[PDB]
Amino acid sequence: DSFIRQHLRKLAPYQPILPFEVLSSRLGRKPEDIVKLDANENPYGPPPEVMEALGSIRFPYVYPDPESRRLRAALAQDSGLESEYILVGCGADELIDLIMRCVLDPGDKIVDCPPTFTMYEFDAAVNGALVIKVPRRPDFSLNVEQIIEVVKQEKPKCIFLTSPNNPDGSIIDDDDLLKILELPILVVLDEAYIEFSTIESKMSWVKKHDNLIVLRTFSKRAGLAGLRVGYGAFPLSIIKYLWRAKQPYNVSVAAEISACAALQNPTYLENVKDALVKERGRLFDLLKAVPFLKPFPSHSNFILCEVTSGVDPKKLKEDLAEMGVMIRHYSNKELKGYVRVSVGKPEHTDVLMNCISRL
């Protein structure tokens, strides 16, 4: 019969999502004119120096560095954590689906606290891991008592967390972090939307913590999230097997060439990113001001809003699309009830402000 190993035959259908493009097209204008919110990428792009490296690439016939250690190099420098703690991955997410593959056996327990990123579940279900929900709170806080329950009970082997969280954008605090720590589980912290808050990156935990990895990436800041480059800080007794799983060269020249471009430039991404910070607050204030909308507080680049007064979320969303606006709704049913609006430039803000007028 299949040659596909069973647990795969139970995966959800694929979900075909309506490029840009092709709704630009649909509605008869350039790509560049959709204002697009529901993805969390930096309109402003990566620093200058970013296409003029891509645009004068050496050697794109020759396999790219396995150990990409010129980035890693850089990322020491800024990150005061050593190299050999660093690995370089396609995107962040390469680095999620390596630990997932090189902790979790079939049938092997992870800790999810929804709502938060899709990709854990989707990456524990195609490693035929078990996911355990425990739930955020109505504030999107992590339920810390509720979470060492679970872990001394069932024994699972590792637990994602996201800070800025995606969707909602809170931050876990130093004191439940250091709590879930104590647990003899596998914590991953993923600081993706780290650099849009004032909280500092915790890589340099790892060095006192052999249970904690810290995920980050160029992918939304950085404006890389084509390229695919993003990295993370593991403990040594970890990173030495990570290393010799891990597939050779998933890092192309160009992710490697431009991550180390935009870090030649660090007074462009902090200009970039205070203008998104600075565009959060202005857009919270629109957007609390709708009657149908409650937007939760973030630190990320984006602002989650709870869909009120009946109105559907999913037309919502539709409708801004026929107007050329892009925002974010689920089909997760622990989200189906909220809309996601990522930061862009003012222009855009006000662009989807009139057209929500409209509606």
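Throughout, rigid core stands for the largest set of C-alpha atoms superposing within 1.5 Å between the two forms. Residue numbers count along the first chain shown, from 1. Compared with the form deposited in another entry:
- The two forms, fitted on the rigid core, differ between the two forms by less than 2 Å at the CA of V351.
- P19 is among the residues whose C-alpha shifts by 2 Å or more between the two forms once the rigid core is aligned.
- After superposing the rigid core, the Cα of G55 is displaced by less than 2 Å between the two forms.
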Contents of the next structure:
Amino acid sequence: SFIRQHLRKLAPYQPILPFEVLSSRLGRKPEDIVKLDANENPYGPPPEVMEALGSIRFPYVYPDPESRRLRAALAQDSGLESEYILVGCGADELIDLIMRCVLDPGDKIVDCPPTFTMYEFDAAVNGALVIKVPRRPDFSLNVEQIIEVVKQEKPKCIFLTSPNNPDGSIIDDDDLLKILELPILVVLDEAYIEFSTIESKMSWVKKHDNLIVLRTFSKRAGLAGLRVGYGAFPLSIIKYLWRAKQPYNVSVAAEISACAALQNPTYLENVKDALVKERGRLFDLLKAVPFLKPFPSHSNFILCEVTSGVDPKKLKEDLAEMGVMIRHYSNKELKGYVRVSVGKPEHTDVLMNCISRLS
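Form deposited in one PDB entry done, so how does the form deposited in another entry look?
Below: the lone chain, stripped of partners and molecules.
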């Protein structure tokens, strides 16, 4: 085989399926499926987006390789100069790009599960070796053990999600600053920060040349399908990433949609506020379910430990049969939980109705 040896036993990522595919499999129209498994924004993007997408002037022309219009808009949005900002085909592209540019095969990376499964997946694809330092029972980082493995094994980078996926807890500044004192590249993933009251740390990259901060349009801004994310990078790192990055992965539709979304700050704030409001209602409803233990969250989702002998995978599959999709991941660190995205109030109501009829 021509395939690289380390890929021959790669464990694949476990993606989820969209409405058009779910319809065929569940026997339901898309409008008759409640989809709470990928932290998507059920309100969709501001109306400016579909107006812009239906009037793209140059679909036949390659996109701007420098995404300079969006980066100017992001400099306005973030307060960080555009020289520090890269745009990616989702935050996913930037996670992978960082690893491709920093990790030689055999280099080590620290991961803190339970967390976003793409870090371990991307490390495996790139031939890096993962050092797992598990989070504490309250999902907080074990900084003492992070420091120890960093001293002992000299990993090159660590990814840290805040608000974390899948539980939604936030990393306190002092923990992050303690890790930034180490000779390691820290990538702070702020994919869900808009659902919190915490300020983005994008500006910190000007004071820490071993910090990257990642963001996305996929969740709050309702553009998951168009694939557009971004990040703040130290100038000493971004100069090399520019040279190694693929020229045209950010499509014209991605750039146009993100710029259009930013033109409606009132819509973006209102949908965010609606989702934050429903998060509290959903939490209280799930807490009353005898076999679910929800955790507090600053994101647009709620993690539930499944208790009382209930099979968490079967719970997820049973709800899917009933027309409601929630997230279950089959690996050792996550298989005991289910993760419920925050949707419209009527989506929560359907979910709780289905839960009440289980078994």
